[PDB]
Amino acid sequence: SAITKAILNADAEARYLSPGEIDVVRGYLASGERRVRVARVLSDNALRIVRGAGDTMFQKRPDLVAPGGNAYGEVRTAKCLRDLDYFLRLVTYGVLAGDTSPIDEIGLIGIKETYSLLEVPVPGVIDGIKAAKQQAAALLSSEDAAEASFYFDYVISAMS
Amino acid sequence: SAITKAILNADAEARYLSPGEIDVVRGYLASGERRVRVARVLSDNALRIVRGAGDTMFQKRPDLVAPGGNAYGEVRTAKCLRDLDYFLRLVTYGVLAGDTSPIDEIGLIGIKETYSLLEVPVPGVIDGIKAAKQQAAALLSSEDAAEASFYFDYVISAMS
Amino acid sequence: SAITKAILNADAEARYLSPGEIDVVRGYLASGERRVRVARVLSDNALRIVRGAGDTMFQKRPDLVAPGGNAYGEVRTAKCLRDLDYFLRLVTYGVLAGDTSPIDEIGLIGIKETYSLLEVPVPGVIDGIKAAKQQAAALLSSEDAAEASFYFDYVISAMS
Amino acid sequence: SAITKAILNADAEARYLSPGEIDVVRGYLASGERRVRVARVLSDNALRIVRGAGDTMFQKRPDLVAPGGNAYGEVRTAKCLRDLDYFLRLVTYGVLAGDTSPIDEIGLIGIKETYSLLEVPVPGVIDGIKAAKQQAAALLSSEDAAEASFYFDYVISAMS
Amino acid sequence: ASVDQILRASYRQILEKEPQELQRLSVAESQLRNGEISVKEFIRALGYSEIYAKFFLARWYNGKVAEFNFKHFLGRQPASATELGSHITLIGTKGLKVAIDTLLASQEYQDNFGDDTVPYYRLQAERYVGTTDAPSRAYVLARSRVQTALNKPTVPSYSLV
Amino acid sequence: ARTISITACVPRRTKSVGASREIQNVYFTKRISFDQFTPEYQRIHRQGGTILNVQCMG
Amino acid sequence: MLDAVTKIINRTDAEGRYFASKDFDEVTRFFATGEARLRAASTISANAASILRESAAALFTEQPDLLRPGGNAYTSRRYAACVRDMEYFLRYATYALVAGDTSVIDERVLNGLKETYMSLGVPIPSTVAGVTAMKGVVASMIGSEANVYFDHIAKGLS
Amino acid sequence: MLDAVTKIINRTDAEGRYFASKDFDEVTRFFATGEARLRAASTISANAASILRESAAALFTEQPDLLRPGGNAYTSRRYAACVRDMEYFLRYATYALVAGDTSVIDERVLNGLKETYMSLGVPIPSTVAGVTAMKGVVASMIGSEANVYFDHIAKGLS
Amino acid sequence: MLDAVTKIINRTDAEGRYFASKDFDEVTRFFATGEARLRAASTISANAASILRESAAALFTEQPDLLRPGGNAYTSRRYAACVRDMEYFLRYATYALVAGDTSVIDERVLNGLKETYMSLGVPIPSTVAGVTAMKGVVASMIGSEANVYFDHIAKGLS
Amino acid sequence: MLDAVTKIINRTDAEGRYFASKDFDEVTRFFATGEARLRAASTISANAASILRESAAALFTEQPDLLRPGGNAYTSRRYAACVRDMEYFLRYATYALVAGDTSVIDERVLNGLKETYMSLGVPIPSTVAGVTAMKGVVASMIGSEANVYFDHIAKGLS
Ligand SMILES: CCC1=C(C)/C(=C/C2=NC(=C\c3[nH]c(/C=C4\NC(=O)[C@H](C)[C@H]4CC)c(C)c3CCC(=O)O)/C(CCC(=O)O)=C2C)NC1=O
Ligand SMILES: CCC1=C(C)/C(=C/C2=NC(=C\c3[nH]c(/C=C4\NC(=O)[C@H](C)[C@H]4CC)c(C)c3CCC(=O)O)/C(CCC(=O)O)=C2C)NC1=O
Ligand SMILES: CCC1=C(C)/C(=C/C2=NC(=C\c3[nH]c(/C=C4\NC(=O)[C@H](C)[C@H]4CC)c(C)c3CCC(=O)O)/C(CCC(=O)O)=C2C)NC1=O
Ligand SMILES: CCC1=C(C)/C(=C/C2=NC(=C\c3[nH]c(/C=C4\NC(=O)[C@H](C)[C@H]4CC)c(C)c3CCC(=O)O)/C(CCC(=O)O)=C2C)NC1=O
Ligand SMILES: CCC1=C(C)/C(=C/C2=NC(=C\c3[nH]c(/C=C4\NC(=O)[C@H](C)[C@H]4CC)c(C)c3CCC(=O)O)/C(CCC(=O)O)=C2C)NC1=O
Ligand SMILES: CCC1=C(C)/C(=C/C2=NC(=C\c3[nH]c(/C=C4\NC(=O)[C@H](C)[C@H]4CC)c(C)c3CCC(=O)O)/C(CCC(=O)O)=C2C)NC1=O
Ligand SMILES: CCC1=C(C)/C(=C/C2=NC(=C\c3[nH]c(/C=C4\NC(=O)[C@H](C)[C@H]4CC)c(C)c3CCC(=O)O)/C(CCC(=O)O)=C2C)NC1=O
Ligand SMILES: CCC1=C(C)/C(=C/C2=NC(=C\c3[nH]c(/C=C4\NC(=O)[C@H](C)[C@H]4CC)c(C)c3CCC(=O)O)/C(CCC(=O)O)=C2C)NC1=O
Ligand SMILES: CCC1=C(C)/C(=C/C2=NC(=C\c3[nH]c(/C=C4\NC(=O)[C@H](C)[C@H]4CC)c(C)c3CCC(=O)O)/C(CCC(=O)O)=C2C)NC1=O
Ligand SMILES: CCC1=C(C)/C(=C/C2=NC(=C\c3[nH]c(/C=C4\NC(=O)[C@H](C)[C@H]4CC)c(C)c3CCC(=O)O)/C(CCC(=O)O)=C2C)NC1=O
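Chains as they are written, first to last, in the authors' numbering: chain Q, 2 to 161; chain P, 2 to 161; chain O, 2 to 161; chain N, 2 to 161; chain 1, 271 to 431; chain Z, 2 to 59; chain X, 1 to 158; chain V, 1 to 158; chain W, 1 to 158; chain U, 1 to 158.
There may be inaccurate statements among the hints.
With a straight-line Cα cutoff of 27 angstroms, these simulated BS3-like cross-link-like pairs (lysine-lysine) come out [to be verified]:
(1) 61 (chain N) with 80 (chain N)
(2) 80 (chain P) with 61 (chain O)
(3) 324 (chain 1) with 7 (chain X)
(4) 422 (chain 1) with 114 (chain X)
(5) 16 (chain Z) with 80 (chain N)
Source of the hints: derived by calculation from the structure; they are not laboratory data.
Sequences and hints are given; from them, build the entire structure.
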């Protein structure tokens, strides 16, 4: 959270929250209702966003679901769609929490070597996440789209 | 400033600015206009605020200007009031910067040893800064008063 | 003590007592009788030393006992004179030990923070301790006064 | 010196000389005439002491001057006596300084691996220094003999 | 030792994790590779990282933080209640960076590691006798910490002292 | 932000000689922060070292 | 560490589900009380010296034996440690008040504190009396927003 | 480091004066363009991997001799070091774009880079060519908004 | 650590009083015996190598099974560790003798020594036997001056 | 560092001879002046805060430009550093007085101080004026006992 990050900085320096930390927390608390609105819209349309993202990613890379592909098979395609759903949920978490920590502890620390061991092609994951981002921006207004795109782009960048 | 703190945090971790850091910078940039008007009010009435704060502090603690007091004498009293002017200008620097780094760099780091050596009573300085905060709040609206009071209270807290 | 200081010096280097440390210990053991005399004289006249020191300090800085002073009131004046009595007792302790470790461990470590939080004027404490130094130097011969003045001056210097 | 060590202790803690260190320095200054007398006696009888000690060491351990010994030959025996002269001079330095640092830096630090590389028997050196102890004590008074034998003991212990 | 080995050892000693597991300190690593900074400077760069406060201070008592600091930067454990308490007071009143700076500036650090070695544990009595208030207790605590080095113990710090 | 590069020669007289390589400790130039300038200055003086050069690049 | 929002996120993530209406209501309640909680936290921060002064006075007037020789607060050093511990309690109470959650008190403060005090001989009942005095002093200033965090510290200590 | 606001603060502090009308106008100008500079920084950050990719492509197509054996970019290690240097330049140019001041580039990029590159044998003209190619790519991606900081790096190196 | 004078100071400070006649008598009593203890400690320091040699000889003539293979004193390293431990005991008995108090032994030596010896497999009764042998060797030279400190070490190990 | 006794020892060691009569005379005169040197050192120690206060007051009354904005003594930090330097000079002059030699000043104060002051922009002539003011203040208290060491500092800076 923004609050957790500010408090951890104060605690590590053994001091009360500074005027800048207080202003950060005030800004986050002021943005709370907008964050909740965006997160609610994303959570209500999770199935549509993931279904469209998977369609777009498999259309752009038919080799994934072709024989010999990483996602080939019912169980593997299920796991791929499940990962897309996971990343969408984590983006909603980041939007609510006002920082990238939930996305880090839950889904981005160790994902690189995880996907490396399983030979999961990271460009395909990035394509799926960009597809999810576009599906989401379709549902959100321009300002809400920008807010959600911050965390979508963070996930994309952390994958690469 | 607020921007410098975020950039240093990002650079220490050798990364680009995170979405949370972007929101911090954006909130500072949005707050810029009210910071400018608060600092303009404080700066344009610096003589009035310093004079009133000095009067209140010397009424509260007449022993400072009594014989044997640290502020006794025309030179010492004048340059006491000079210290109060210094601290008000530093508070304006804080209001503009969005953090307390200008205050610490210019006025707070070393003031404890300085005042301990030169016999300057920290409670008297705190009363002076409190009077200055009241003079400023008289000139400001309640919101602007709280905005400046953040940095006034930070300076007082650094004193004690 | 002097002996303890020599033993820690030897222990730090994992060696036996050096000829220098042996000389140090032998000097302390030879000085013991003079130290006992000085400490006895200070301990027997503790009451009048503290009373005269308090009188001198309060006449020097009557702001302490004026309304709004740190020592205003019977309870706070008694606390002030109690602190002077404390420091005299630790001066005797340091005369007996032959070094300042008892003074530091009982009375000086934390005193800066204690008096800073309580807003006790350390310069006023220093005036009181210097007053006690003159009071005891009146009671002692030139050599004994010189012996005790080392610890009185050590306490004063550790104040500021 | 004792002065040097006291000043280094004071500098380690960024303070002025404490009453204990001032007492140590005063003790070093008081003992100056006795130290100077002891060193003068040890320096005047240097040839006598070295000859007696070398003769005693060679008699006690004739294998050192026996064929194939480390000190066989007039050149190597001369270097042995020269080393005894060196260590006696170092003992005089230690007496004058009031501490063992001149001994350590000039001759003691690095002598162990020096004698390992040269295959010098350290028990032989120890018996030679003990012989110098008895010769020196025969020329000094009992108190002076003890004072110089402190540093003789230091050298003997450091060799072993 | 090459810079690669020193970097791997530094991350293992200070953060108890492999370099691939972390977000590496690229610029500090490049400065160490260029000779601009010493190994000790890289060690304080590691101790100064936000990841260090997240790993060793965020969810821990100040006693645990002190034990972490001693293990990481001194290669041993706090032995006495005085030493542990002083370090805890440093963490609680001056911050983590000041306490770590105290540990790195302490004569023990220069004596054992100087400016060019990663800290390590030395289960010898010469490690502790001149340095520590309670050398035998210091040995016991350090040996226990070494014996179960993989574990992050949850036994209270003042229970051990 | 400002930093200082300091060049110092620290002799190894107080210590005994060791077969380990020690030339890197004896003669060095190191980059330090300003807040660290005083502690290492005094540290070099404590060890008998000589400050050969001080520079501030800007 | 954890605040209220991270607590809700962790709960939903452990259930492996998206936020629902109830979780959104909970997080909106957090955002609603946040501004009052920052006002209380800033007031405590600005007046921390006064709060410590009043609370230490209240404690040592209630229990004068602590300051007398033989008491656990008898020295300049032991008194400084005592007021330092009260400073810790207030600072971490402010942290918890901003976070809206008490887990920071459990992790950074309470865990190991009982053993620290038993090892040193700090009298825990008297420390709880000090925490109660601080709670009263702070409540006289900000209202009743920090009462639960001081009650948490007191229950954890006892 | 320094931003524009701290630069103005330091200029006013060197004269020991409060802000005047001119200083407030400069601060207002800085706040006026802050949103556009944040947008450009976010666009750069979202496309850092690509920007770096075609920047390296442009550098090594304009000078293929660097990659060939004997060149300063010839190894996997030296190629990765080159790419890391270019990514440094992009990240610090983005920092200066947010800050509005070239102070971070001077103090933490340009400072000492010239003698480091001569001591390493790094070809400074080729590095300048790389910085200019990355300037071109970034200008095609966000416009002329970040040109100044790239020219600052290029002039400091040249 | 403590010596006798600091112990008296700490007692009187625990009652929070100035030194009385009994305290002065008890401290001049310590000053009285300082010369004998200094002389004995200097004698021990002067002959530490001989005392260590004779004590190790006595211990291993009493218990030759330690030196045999599988004994805790069988190796060059473990034999050296054993003699180094006896040298520690001698030196800290010298410190206690000068100090006049056994505390330095209590925290410097005894604190954690049984745990060390049980974790290392060192036989504790054999170490007590070695301490007693060293006690006899030191007594033969300096009288009964160090018997209490060696007995303190032995009883703390036992 | 080395004192006067160690300096004579080193000079006798340079030509590898025992002390002559002149060496013993030098040592004797050092021991003769030691008591007055100790008295002066104690006087400076007891009055270090006041000596520092009127020394800084003299320096900044003579040169008000330093304290004005843009001066090297203008900030809280920079004034504190200046006074800390003056306290350094006073304390190391006291050390030199006790040691009876100027080696401590040469090796722990003057060594690397030109380079430091030129790197930071400290005005060396103004520092020398401050050292002269401190010399006068000290001579007002202890007389001419310690002019040589302040003169050594000034000439090492001048
Ligand atoms: C809540 C946080 C979380 C994340 C993010 C997560 C990702 C994740 N995906 C995994 C497997 C997988 N992930 C994928 C998905 C990838 N492969 C396809 O080609 C696509 C390019 C791409 C998805 C867009 C696939 C196909 C597998 C199975 C591969 C295998 O069995 O080796 C695994 C290994 C364990 C398992 O099989 O379930 C993890 C840990 N797990 C988590 O607990
Ligand atoms: C001022 C400090 C200082 C010391 C202490 C010192 C000792 C010393 N003695 C040496 C040689 C020697 N030293 C000795 C003396 C030893 N061998 C005898 O058997 C005895 C057991 C014993 C003397 C009691 C001998 C015989 C040599 C000749 C070895 C050779 O030339 O091969 C050497 C090697 C260089 C040389 O030939 O002089 C040193 C450094 N030198 C110094 O500058
Ligand atoms: C592995 C590479 C390496 C080298 C080459 C090296 C040389 C070296 N020699 C040193 C000292 C020394 N070296 C010598 C030796 C010289 N003086 C004599 O006249 C001889 C003619 C000559 C040797 C044949 C001496 C006498 C000193 C001590 C000088 C002093 O510090 O006062 C020192 C300072 C550290 C110390 O005192 O131990 C270094 C760094 N160090 C290294 O780590
Ligand atoms: C044995 C070692 C020891 C020392 C040294 C010591 C000093 C000490 N003085 C205190 C309060 C005090 N100290 C003073 C003394 C000041 N009044 C005037 O200003 C004078 C300038 C000055 C004395 C010369 C006074 C009046 C108080 C009580 C009022 C307050 O809370 O500030 C306190 C806080 C606890 C209390 O109220 O009693 C301590 C710990 N306590 C110790 O246990
Ligand atoms: C951030 C969370 C945190 C807490 C809470 C904390 C408590 C704490 N208190 C300590 C000592 C102490 N604490 C006290 C306080 C007690 N004195 C009694 O009279 C009072 C009733 C009571 C306080 C209200 C005292 C007197 C000591 C010194 C004990 C001693 O050294 O004998 C110590 C040992 C370190 C030292 O000596 O300063 C700790 C770790 N530390 C932490 O890091
Ligand atoms: C954050 C600020 C920062 C900068 C700017 C920086 C530059 C920098 N680049 C370096 C190496 C290098 N830099 C390059 C780049 C060059 N190769 C040529 O082909 C190209 C024309 C050109 C780049 C466009 C190369 C190849 C090396 C490796 C040199 C070698 O190992 O010999 C090094 C030496 C240490 C290391 O290899 O990590 C530094 C310090 N380091 C920093 O910490
Ligand atoms: C398995 C590993 C191991 C080794 C290597 C070892 C060496 C060793 N030899 C010893 C005694 C001894 N060692 C020797 C041998 C010496 N006599 C001559 O001078 C020669 C120069 C030299 C041998 C070539 C002698 C004579 C003794 C008994 C004399 C004494 O009490 O020192 C001792 C002391 C304990 C004892 O009395 O046995 C040890 C520890 N011990 C071990 O547990
Ligand atoms: C200053 C106080 C102090 C003491 C006393 C102390 C004892 C001590 N003894 C140790 C090992 C040892 N200690 C012994 C001694 C035993 N061998 C048996 O024959 C004898 C009965 C007995 C001695 C008389 C041995 C053999 C070891 C090595 C055990 C091993 O490595 O497995 C160790 C482990 C570290 C090392 O190897 O140096 C310690 C800490 N440490 C201290 O800091
Ligand atoms: C812009 C940053 C800055 C600050 C903050 C600053 C404070 C400051 N005030 C000083 C002196 C002084 N300051 C005061 C202030 C008054 N004394 C009374 O008791 C009042 C309680 C109190 C103010 C409310 C007084 C009386 C002196 C004269 C002390 C003396 O000359 O001994 C000094 C020593 C140099 C001088 O005499 O001018 C500094 C450095 N200087 C700076 O460059
Ligand atoms: C114990 C030996 C020792 C000495 C001698 C020493 C001098 C010294 N003075 C310094 C800075 C300084 N020195 C001064 C003093 C000057 N200001 C002018 O007005 C005056 C004329 C003049 C003093 C009389 C100032 C203002 C600074 C700070 C400069 C800056 O921060 O930019 C620094 C840089 C590190 C720091 O600021 O913390 C050193 C090392 N440090 C030492 O450890």
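These are the hints, each one checked on the structure:
Among the hinted pairs, residue 61 (chain N) with residue 80 (chain N) is consistent with the structure: their alpha-carbon atoms are about 18 angstroms apart, no more than 27 angstroms. Between residue 80 (chain P) and residue 61 (chain O), the direct Cα distance comes to roughly 25 angstroms. Compliance with the 27 angstroms bound is thereby established for this hinted pair. Proximity of residue 324 (chain 1) to residue 7 (chain X) is assessed by CA-CA distance (about 17 angstroms); at most 27 angstroms being required, the pair is judged to hold. Taken as a hint, the residue 422 (chain 1) and residue 114 (chain X) pair is honoured in the structure, with Cα atoms around 20 angstroms apart against an allowance of 27 angstroms.
Straight-line distance between C-alpha atoms of residue 16 (chain Z) and residue 80 (chain N) comes to about 26 angstroms, which keeps the hinted pair within the 27 angstroms bound.
The earlier numbered hints are all upheld by this structure, with none contradicted.
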